[PDB]
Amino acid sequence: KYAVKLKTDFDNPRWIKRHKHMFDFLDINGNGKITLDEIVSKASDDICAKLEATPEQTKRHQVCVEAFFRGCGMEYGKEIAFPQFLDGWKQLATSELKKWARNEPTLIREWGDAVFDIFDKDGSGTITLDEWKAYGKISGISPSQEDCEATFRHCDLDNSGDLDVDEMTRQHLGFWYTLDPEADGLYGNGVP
């Protein structure tokens, strides 16, 4: 009655290969295993150092990356291979889509909040192309300057050509969770 079907396509190779691409990126030494320890050191503490984020921003960012990948079933001290990684993404995505439909806070959005906070010079919550290019290179999500520019042509921008968190979070829902065709090309040619 009150039920609505959630947009998912977890059996599609295009969604599987998206997270396989990122898993290999996390799998620095290419041994097929990753840990939450490495994610939080690389994907958080080391990004915030290069971005010169404040200590509190560094802490808040760590809390959000920590919580996000715990929603994937990862815990400190546990090695994780891709099959488990992808099964956790199925659970994470399904959970996140329900929270979103119910207007409950989502891990993807809070992660986005922590990132935008680092680039919130004036408090209006804007990310400029130049800021994104720096993030994309430091986080490794988008080192190519061309890809970063494609991301901004792809996204809806404000009057200054800038980007806000709601937009990027809605893109992320389509790109990482549901495989919405509207999110295709979010990172240009950097991520399939």
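The term rigid core refers to the most C-alpha atoms you can superpose between the two forms while keeping them within 1.5 Å. Positions refer to the first chain, counted from 1. First, how it differs from the form deposited in another entry.
In the core-superposed comparison between these two forms, residue 49 has its Cα shifted by at least 2 Å. If you fit the rigid core between these two forms, you'll see the Cα of residue 162 move by 2 angstroms or more. The Cα position of residue 129 differs by 2 Å or more between these two forms after fitting on the rigid core.
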Given for the second form:
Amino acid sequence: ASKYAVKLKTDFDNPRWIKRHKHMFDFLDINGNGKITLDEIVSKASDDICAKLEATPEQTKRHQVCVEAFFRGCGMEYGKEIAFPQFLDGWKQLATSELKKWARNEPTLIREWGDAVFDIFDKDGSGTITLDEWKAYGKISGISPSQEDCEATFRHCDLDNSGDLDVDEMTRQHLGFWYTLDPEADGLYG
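I would like to compare: after the form deposited in one PDB entry, may I see the structure of the form deposited in another entry?
Only one chain is given; partner chains and other molecules are left out.
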């Protein structure tokens, strides 16, 4: 099943992979000084996202713990200012390590993060994300930025064409977009 099929090979020297991360580094660099801290990352990728998704305190704590673990896996730390080339080096180490974990059936930081996000989107605890649940927070949270893109990306994530998203579909597409430059994940953010 495509929802469990992940590439064994990264493409770190592909300019498209580098540019995806470059776009994020600049987005997350709040004070615009060309260095990223774990403070800035957690503020934009966690504080702001959880608030916009209307997470509970418990869901926010859990998502923050995931994001901290994930970005420390890239060499990030609170108060530690890191320029982009080193940021990218951290991502290279992280992706390589996590893909080995994936292939050995060991837990991954990326799947833990996906669980935390999925839990918030799944407001009724159905174990599924319906189109209405997705549309509610897609544009608001900053994940989709258009209605067209939002409905497209939903169809694109719904790998088994069930009309709804499960945690494995979502995570596998997130991992494909950020770790492996997987062409099957290309539409995730519109």
